[PDB]
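Please find one structure pasted underneath; my questions will follow.
Missing here: one protein chain of the complex. Every other protein chain is in place.
By letter and in written order, the chains are A, B, C, D and E; residue numbering begins at 1 in each of them.
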Amino acid sequence: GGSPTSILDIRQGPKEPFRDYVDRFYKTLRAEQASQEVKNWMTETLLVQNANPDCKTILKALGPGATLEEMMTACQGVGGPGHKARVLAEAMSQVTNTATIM
Amino acid sequence: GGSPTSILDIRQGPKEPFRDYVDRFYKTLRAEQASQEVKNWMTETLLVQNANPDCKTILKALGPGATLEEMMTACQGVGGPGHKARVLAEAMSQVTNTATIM
Amino acid sequence: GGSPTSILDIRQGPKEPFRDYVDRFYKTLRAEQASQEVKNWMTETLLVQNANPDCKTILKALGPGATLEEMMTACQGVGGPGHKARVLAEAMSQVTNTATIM
Amino acid sequence: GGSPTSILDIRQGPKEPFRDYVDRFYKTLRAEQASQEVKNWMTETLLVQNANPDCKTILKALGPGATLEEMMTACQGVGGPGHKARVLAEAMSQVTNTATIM
Amino acid sequence: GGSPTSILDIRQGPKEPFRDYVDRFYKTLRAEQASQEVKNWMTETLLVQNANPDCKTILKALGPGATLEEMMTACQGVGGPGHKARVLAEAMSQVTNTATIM
Partner (left out) sequence: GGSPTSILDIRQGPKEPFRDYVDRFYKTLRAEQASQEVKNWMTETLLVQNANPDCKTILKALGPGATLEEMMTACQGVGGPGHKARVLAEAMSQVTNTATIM
């Protein structure tokens, strides 16, 4: 309880990129004595959960566990104005154009 | 009054995701020398009251004080990018289609 | 007048949680010499008048001086997506659906 | 002459609150050796023209002559999630309902 | 390339007021051994190019050849909520009232 660097608290800021935070999930796992597959609940899940919902709305479409070159190119969409370029419109199309409910 | 790290002032930074804040509610409790049940208002309900309403509006849907993993996945959208990806659009259609008041 | 933080101007950040600013307000209440009832204007009404329009606007809805526990909950909306979810939902439909003037 | 901050341009930030920058120019008039009365037209006029379009827009609305406590009271409307929260209902409604031009 | 503070890489933060940054541009211009006219490229067009698109768009409206106090006056609008109130609203009116395309 209250244990840091175990990924149980690693976190990507709203404006913090997936790539940069990945270093926080990799590097903070360096501090953690684990197995490579063990780290996979992270690389795949806490990397997808605590990491900037842009990554959720992204890794949910792109998919999770996408290679570091894929989740990179994609989660590079993550970002304050960086995602506003793409996500801004998406929510705007989630309501009116593409995902308009009823 | 003004006692720190007792959960009474632990709060979800409105931008701090539900996790960043839960963690704070957890680890800082290590410092708070309390009873396990006492920590239960602190985990269930503080985590539901002074926790940035983004996680509250969710937490209710999830059920208040639901398991941390459960409130975590749902409230991971709490934090910036999620509530902006999703809730911007949700409330928007609450106003127009789903929740049109009168 | 203008003595350091006499309450007369204590400030809540546009995003600073009410509980937090309240920490500054209380902290500076200590700095100024006021009877408790005298501090009551300082708590009940200043807190409403000069504390981040996120709370002050609400504080009009709860009425000036709603018990700090009620107001704590009201002003717990203060925040980015936590506040803006509500403010967006209310303002967006005020203009179009709920309060469309003329 | 016109050395920095003599009430030449004492500028207010965008989110920097009115009481924060008002505290600065008062302090900066101290930086300027002028008549007490001189400082009066400096605090009433120059302050208003060069300070935060949020409080500059308010300052016009209150209209000059508003005692500082009254200025800051209206300018307490200033702020990102703070003024924006009031600007959603205030300005987002100018384009559509209140200030619909032609 | 990447020459320190040669104006070419001097920049205005997206939020940085026009002036705060101009203090930088100028402050280093004094350091860049240049002719007055040369400094005038830095003031007329670079000043614009490397300066916060809130205002970069403005300085065109103002158009080059305007006094620094002229651009500054128009650029007190520069700012997050400072500029959003006038310009976000302008954008709000760019979709609905005045700049409605097609």
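By our rule, contacts are C-beta pairs under 8 Å (C-beta built on N, C-alpha and C of every residue); 3 or more make two chains touch, one makes a residue touch a chain.
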## Note on the structure
Those residues of chain A that touch the unshown chain are 15, 17, 19-20, 72-73, 76-86, 88-89, 92-93, 96-98
### Query
What residues on chain E make contact with the chain left out of this view?
1-2, 9, 11, 14-15, 49-54, 56-57, 79-80, 83-84, 87-88, 91, 94-95, 99-102
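We take it that only the chains that are shown with their structure count from here on.
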#### Entry: Turn needed to bring chain A onto chain C - CA fit, degrees, nearest 5
115
### Message
Need the CA-centroid distance for the pair chain B / chain D, whole Å please.
### Response
36
## Note on the structure
Chain-centre distance (mean CA atoms) for chain B and chain E, in whole Å, is 40
### Query
Which chain D residues touch at least two other chains?
15, 78-84, 92, 96
### Task
Name the shape of the chain contact graph, picking from line, ring, star, complete and other.
line
